[PDB]
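*Asks:* Here is how the chains run, residue by residue.
Number of protein chains: 6
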Amino acid sequence: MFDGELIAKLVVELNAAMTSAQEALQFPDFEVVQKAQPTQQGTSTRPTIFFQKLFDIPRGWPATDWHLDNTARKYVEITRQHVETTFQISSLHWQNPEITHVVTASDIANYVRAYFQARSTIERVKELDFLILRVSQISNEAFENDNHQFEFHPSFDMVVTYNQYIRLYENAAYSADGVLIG
Amino acid sequence: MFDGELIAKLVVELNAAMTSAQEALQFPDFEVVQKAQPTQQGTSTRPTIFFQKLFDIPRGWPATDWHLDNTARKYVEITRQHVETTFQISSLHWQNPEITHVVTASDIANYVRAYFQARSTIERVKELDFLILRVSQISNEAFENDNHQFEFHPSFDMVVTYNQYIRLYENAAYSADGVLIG
Amino acid sequence: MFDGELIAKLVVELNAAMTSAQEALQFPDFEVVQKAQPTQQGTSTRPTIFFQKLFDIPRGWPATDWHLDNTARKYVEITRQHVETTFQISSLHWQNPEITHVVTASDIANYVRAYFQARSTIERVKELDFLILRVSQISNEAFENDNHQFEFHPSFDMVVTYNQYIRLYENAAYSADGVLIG
Amino acid sequence: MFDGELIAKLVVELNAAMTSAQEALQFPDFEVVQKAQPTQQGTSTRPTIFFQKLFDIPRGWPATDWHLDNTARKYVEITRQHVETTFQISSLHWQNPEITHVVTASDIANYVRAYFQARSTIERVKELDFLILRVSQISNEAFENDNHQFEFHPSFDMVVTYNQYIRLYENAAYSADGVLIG
Amino acid sequence: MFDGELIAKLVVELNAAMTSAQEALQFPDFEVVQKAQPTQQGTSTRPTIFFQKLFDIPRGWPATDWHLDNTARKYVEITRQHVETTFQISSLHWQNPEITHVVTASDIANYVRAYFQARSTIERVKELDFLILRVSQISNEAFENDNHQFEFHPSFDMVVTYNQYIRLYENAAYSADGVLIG
Amino acid sequence: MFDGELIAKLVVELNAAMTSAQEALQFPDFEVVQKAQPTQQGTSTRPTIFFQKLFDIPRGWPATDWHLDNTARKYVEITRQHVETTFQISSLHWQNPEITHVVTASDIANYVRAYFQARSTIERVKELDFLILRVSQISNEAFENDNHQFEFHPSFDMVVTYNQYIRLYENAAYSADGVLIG
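Chains as they are written, first to last, in the authors' numbering: chain V, 1 to 182; chain P, 1 to 182; chain Y, 1 to 182; chain b, 1 to 182; chain S, 1 to 182; chain M, 1 to 182.
Hints may contain errors.
Which copy is meant is left open, because identical chains are indistinguishable; a pair holds if it fits in one copy or across any two.
[Stated by the list, open to error] SDA-like cross-link-like pairs, simulated, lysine to any residue; straight-line CA separation at most 20 angstroms:
id, residue 1, residue 2
1, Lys-74, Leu-168
2, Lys-35, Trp-94
3, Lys-74, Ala-24
4, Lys-35, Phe-143
5, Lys-126, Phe-116
6, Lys-9, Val-32
7, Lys-9, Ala-72
8, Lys-9, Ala-36
9, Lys-35, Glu-151
It is worth saying that the hints were derived from the structure and are not from the lab.
The whole structure should be built from the sequences, with the hints applied where relevant.
*Replies:* Right, dumping it as structure tokens:
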């Protein structure tokens, strides 16, 4: 389907997941942004979710099927490749130490991970022409932020499988003949 | 169960472990603190315990069970995931060579590890909805320290397993019909 | 077949693939350039494709056949080696956020890869005296660009197999004789 | 036993081994020094031996034993663990090149290692509640002293196994009853 | 058979190979030099080939033979070891983009490698008391060059097997005596 | 114990090997020198041999045998350990391009290696209470010398096995008695 359609669908799904998480855990507000912005921009203080695409795998020999155009007397050769892409998803949130109600960035990451692994969401995204494999690890990494202090940047990887289509032209034959020799 | 409840329970358990270890080995005093403080802080010159969260393991396919709400004619889908989290426990203590009564930081770390591996503590913590696996190594590391005096920072990691719950909605059907052809 | 002819054939094939991709996805314009420019150059602000040559495997023991020159009474020894050359192909394209029609550099790389894996292109290139093996991965890498805005540099590896020929001289014999001893 | 008793003992047998080695090879004098001083130090220009604790291995599931206190009607739960507590031994000596009688630092390290591997020393140590495993390697490393006079620093690792004890309380029951239904 | 004659024979063979390659591919001129310049030198701006020895493998237990000197009543013990040595062959050539006739440094490296693998070359070499094993890889590497212009430095490894001889003396016996007891 | 004597014997053997090599290959003159000099010293221009001791391996459980002292009524417990020592041998020689008679540093290293692997030298060394195992590699490395004049530093490893002894005291018993019960 190529990137743009997949990215748009993933953004919509992430927005829905973040809305569900906000109702579930009661954190103030959220944003969904892509990690590598093509223009000089600044981070947002709101609880944020990030995504990025990193490497790709073709997964299998290409499959070709032939469709015939009668008017022009040509075969249209369609080749389909079943591709797998891995997306990195990470979140960010700063912990105010004098608020009695506590929600962690790891909690947001875990909830977003669990939402995408549910069977209902898989059933819903099936009609969006892609499925999701299993997620096996979520890690907490600590850095020193920009205001100094300390902060966590949890992250995990997701795999999305879909189909890629290309179109080409080929000649067609309409009769056969031979010779027999003894 | 997520993080806040888990962290609070672990803090209470660590406080109890130090309460025991103080009569066990005759410390001056103790404190339990978390690593990665969100605010700038200074360390304390007393026997101290530090803990931190490293990563998570989903450990198995999600399990879904269905509960029916009769009034609104809806199924509420409950999905449970059995997660494993690794916490890194470390201690700090400075050795005064003049005192004749000697207690080591590695000694405190060993006692804390032994406390969590006892059968009685596991039986008591079972009602707190998580359990502990085995601990396989404790390591001593030496650093220069701010006062240019060599010091030890023993550490080990611990694993606790629990359940995470998410909640969603789904439609319900109340009748069936079909057609038979031959 | 040595490197230069292979490079020319690869260049014309890449130009054809780029024309097909432009008709497929509506690029502004394209360009095919080699990476390691001998003379100093400055790169172009267009959707471009890059290729480079790296590694070389001989793949098998050499095979020799003999052709006889009657006039000079000499054997001409021809030795053929079936070579496997690896090419790395990468692309560049800067995403402009405000335009609604979106095409990514990874899309260009994916289409170029898919073109070279099609069966019709293999049939066309066979009469050009080389064939292509399977491609197994594509990777996205993010760098900082000469402007201080982020960018992506997708890449993948391609394998091309062909034959190499060398000619040498050797003496010839025209009669035999022996002695029998008992 | 915890660190203090073990370290004091190891010091005592280290002094005994050094005395035996001095009678064996006619050293000037010797010292036994730990390789982590909490206070600033300066090291000594003498044939010295160094030791330090590296890490720990719990080595097996804990074993619990129950001892009953009749007066208070309580069980005292004793838990025993059997650890390994690897140590690192290293020596230092400067080789004066114009003395006929020659002894190397590697000689000191080898003799100290051989002393601890003898069966008589093992039998004597056994009454001190720990035992020694096998030693597999000794290595020479070249320093540069203090911007002069290249020097050698031999080292090797040693393992001493023992038991660790912890005590806890638990309730006790004195009678049983039941109900039979069919 | 030690290094000096090895290098002499190798440079003669490389000169012959380059004379053949010049006819085959029409270089302007060539030159063979070593990468072990004992004196400061400055390289040449001509198609150049380089060689150097990396290491050595003994390849087998030594084989001893005994030859008797009657006049001096001594055995001369000859020991032979079948040595394998590794040489690195690499080439340099700068690409002028304006010339229409194109030849690559990779082409020169490939031709030189192919020349040494031919049957006729091995037959010629055999009477020079060494042989060549199989070559398995050639790699292109790009560097900045002293004119700030990219260029390639292809290289590959070759293996040469030969024999080494040393001679020593040993006593000789000429009679035997015995005693029989029961 | 038993190291300085080993170095003295090894130095004598190396001097003999260099005498043989000088007669065999016509060196100007030679020197045998140990690395890691305990005093600030300078390298010599003459063809030189450098040796060093790297590490030791105990190779087997210790073996104890008992010798009885009748006068003092004590057992003298002798423990023997059969260790292996790894020595690194390297040579240095600067090539003069204008002299027609050529000898390489690798030739010196190879001749020294071959001398120690001969059966005659092993038989002669057997009376000196140690033996040599097999040598499996010799490598060339390039230094930079005096800011230019690249140079080679060939090296290889040798293994020497021997026995080392320790002596200790133990009590003795002279009679036995028992009790039989039923």
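*Asks:* Give a verdict on every hint.
*Replies:* Now for the hints, and whether the structure bears them out:
1. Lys-74 with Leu-168: For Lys-74 and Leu-168, the Cα distance is within 20 angstroms only inside one copy (10 angstroms; across copies 49 angstroms).
2. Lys-35 with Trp-94: both (18 angstroms within a copy, 15 angstroms between copies)
3. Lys-74 with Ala-24: Answer is between: at 19 angstroms across copies they meet the 20 angstroms cutoff, but 57 angstroms inside does not.
4. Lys-35 with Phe-143: both (16 angstroms within a copy, 12 angstroms between copies)
5. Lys-126 with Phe-116: within (12 angstroms within a copy, 30 angstroms between copies)
6. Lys-9 with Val-32: So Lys-9 and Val-32 pass the 20 angstroms test inside one copy only (13 angstroms; across, 32 angstroms).
7. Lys-9 with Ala-72: Intra 37 angstroms, inter 30 angstroms, cutoff 20 angstroms: neither.
8. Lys-9 with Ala-36: Only inside one copy: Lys-9 and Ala-36 sit 17 angstroms apart there, 36 angstroms across copies, limit 20 angstroms.
9. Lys-35 with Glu-151: Both. Shortest intra-copy (18 angstroms) and inter-copy (11 angstroms) distances satisfy the 20 angstroms Cα cut-off.
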